Amino acid sequence: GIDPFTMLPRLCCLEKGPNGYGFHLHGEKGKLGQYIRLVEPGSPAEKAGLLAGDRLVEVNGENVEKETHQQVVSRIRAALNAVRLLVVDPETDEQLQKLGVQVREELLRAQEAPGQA
Amino acid sequence: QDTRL
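Order-wise, the sequence lines are chains A and B.
First residue of the first sequence? That's 4 in the authors' numbering, and the numbers climb one at a time after it.
First residue of the second sequence? That's 1 in the authors' numbering, and the numbers climb one at a time after it.
Please note that a few of the clues may not be correct.
Pairs of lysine to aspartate or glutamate, DMTMM-like flavour, derived with a Cα cap of 20 Å [unchecked claim]: (1) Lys34(A) x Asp96(A); (2) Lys101(A) x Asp2(B); (3) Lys32(A) x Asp2(B); (4) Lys101(A) x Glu43(A); (5) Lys34(A) x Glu61(A); (6) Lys19(A) x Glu49(A).
Simulated from the structure, these hints should not be mistaken for laboratory data.
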C-alpha cells in the first residue's frame, strides 16, 4: 500500500509540574537505550505527546544517547520550567534510521501555525 | 525500579 512520510520525531516540551514531569524512564545499563517505562496520567509529559513506549534521543536539540542513564535523566532535570524532549517510537525508529535525514530540527521546524498554544 | 522524573 501507500506509506506516509515516516520521518517525524515529535518534540515534546515538558513542563515542570509538581516536582518533575511525571514519567518513569527505563534505561539499559550501557549508554544508548533510554526508553519510557511508564507515564503518569496526571503529568505534563503525557499531554506533550510523550508515550509510555517511546525512546529519548535528544534533549533540547542535542543528542543524549551517548550519555549515561543518570546523565540522561539529569538532562531533563536540569531544566527549570520547560525542556524540549525529542521522542520517537522505537518501532518507527527502525524506519527513521534508514532515512537518516536532517529530521533533527530542520524537518521539525516546518511552517508556522499562529493561533493555538 | 525504573527512574521517576
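Okay, the hints, checked on the actual structure:
no. : hint                 : in the structure
1   : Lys34(A) x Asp96(A)  : holds (17 Å)
2   : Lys101(A) x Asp2(B)  : violated (30 Å)
3   : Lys32(A) x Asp2(B)   : holds (12 Å)
4   : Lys101(A) x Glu43(A) : violated (32 Å)
5   : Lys34(A) x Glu61(A)  : holds (13 Å)
6   : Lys19(A) x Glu49(A)  : holds (13 Å)
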